[PDB]
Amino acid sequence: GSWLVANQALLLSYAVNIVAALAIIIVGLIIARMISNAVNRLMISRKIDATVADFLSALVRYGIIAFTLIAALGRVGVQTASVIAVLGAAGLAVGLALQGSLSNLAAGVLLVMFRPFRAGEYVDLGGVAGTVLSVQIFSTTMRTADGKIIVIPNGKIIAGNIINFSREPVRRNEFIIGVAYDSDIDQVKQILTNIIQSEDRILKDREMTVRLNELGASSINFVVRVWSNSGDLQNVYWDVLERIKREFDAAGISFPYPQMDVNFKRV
């Protein structure tokens, strides 16, 4: 009735909620537009594609209006915990979606906090190998020796071995020279030691191994482990190998073809 308003004053609390609910909305909407403008303005400023910038700004818009709408529903007195539990799980959905996306971000942060490599540092990121051109924040671009550009996601980097090459200035070449069984072991060892000692780029302060490593099927395999600076490594390999090939057939030592004893049976 008309007198019902006079006795009690808690009906005030029913009324202020109403305009308060409007005050959740008419502030929430113009903000949702406003932010959706600014987020767009700071998207195009970074030169990011317009069909995507519009969509992400619209996502922000459609999220802030959702916040203010659910807040107004809770303001008047609707128990909005249901929708809340749903879009919380939607945030969880996009979070587990962006798991593999943000893992690359965290790994890119780690790769500059501490630096397993820099721009211009030859590496092998678990397979592919090349000179890093630039460690970006979501990916690591590197030029392999074949001239290809490989864009590795940083999460695949930090989740695996980072086999650097250009950190230590000195590395090792390993030759496996297969000679014949009938060759004199001491002759091979001395005519190889002369090679690796007359080569000036091989470091003598390190270990210079020339020792019999394997009794192969057809051949007998000598290992030659010689250290050289990381820039002179491949040239040392090629030069020492050409010198082996020349000094052996000068000395009469024969690199054997795949041998095969043949027992003969005429039938």
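In this text, rigid core is short for the largest set of C-alphas that superpose within 1.5 Å between two forms. Only residues modelled in both forms are compared. Numbering follows the first chain given and starts at 1. First, how it differs from the form deposited in another entry.
- Once the core is superposed between these two forms, every option in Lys189, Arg75, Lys156, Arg118 stays below 2 Å in C-alpha shift except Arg75.
- When two forms of a protein are overlaid on their rigid core, residues whose CA moves 2 Å or more are considered shifted, and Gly216 is not one of them between these two forms.
- Once both forms are overlaid on the rigid core, the distance between the two CA positions of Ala32 between these two forms is 2 angstroms or more.
- Superposition on the rigid core between these two forms places the CA atom of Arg206 less than 2 Å from its counterpart.
- In sequence order, there is one run of three or more residues whose C-alphas all shift by 2 angstroms or more between these two forms, with the rigid core superposed, and it is 12 to 91.
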Second form
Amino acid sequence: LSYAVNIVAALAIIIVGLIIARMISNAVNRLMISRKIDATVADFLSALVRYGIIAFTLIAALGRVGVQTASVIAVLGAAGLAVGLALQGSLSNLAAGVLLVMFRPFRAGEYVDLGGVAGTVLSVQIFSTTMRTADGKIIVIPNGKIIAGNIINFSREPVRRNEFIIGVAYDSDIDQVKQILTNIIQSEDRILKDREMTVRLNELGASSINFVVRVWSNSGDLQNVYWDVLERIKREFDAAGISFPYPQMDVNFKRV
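Having seen the form deposited in one PDB entry, could you give me the form deposited in another entry?
For this one, just the chain is written down, with no partner chains and no other molecules.
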């Protein structure tokens, strides 16, 4: 009767608002992904302008039922903070996923350590990056946790350093051990000779002397250099009388 004759006009204005929403959203999506910025930020601005002009046609619509503008924008601001505080941690991930592609602390296919978990990065999606670990698991890390912590890129510099700690007995000859561990890493072929090769006495432990051996090698064959120097240490120390010691004790008897 007296009410519905404006409700039909409100439905017409809201359906042409939906039409112009799809039109302007797809227009700015077609323009921005080709002109300047990105395929990800432009979709965010497309959704922003889409749900912005939806809000504009809602404010224009709800005046036709008598509801004033200062009340419509109050209810829309309440609903806007409702959906905005729903999407706080859902949009911090998007804003971080922009920075992870714009600045690239890691590329796809690069062994990283994103705060405890270490693996090859498969892809950086919109909200969360997928990495595959060393043992075949798939770890999906949200972008708000990557950008708010350290990113230990294991595979961006070509040379990396091993660190063997060889515990020998206290009665061994330090010159003989420092000569044997030198003659191992002087004949190893993948250990870089133009960098810092150290075989020096690291510490005097509880039951063993700890020598430290730190050698540099290319990041592809780091683990093979570790496994081939350690096995050769185990071979050349038994053939030379050096004894890896057990956890020694010094028991004093009191046969009461």
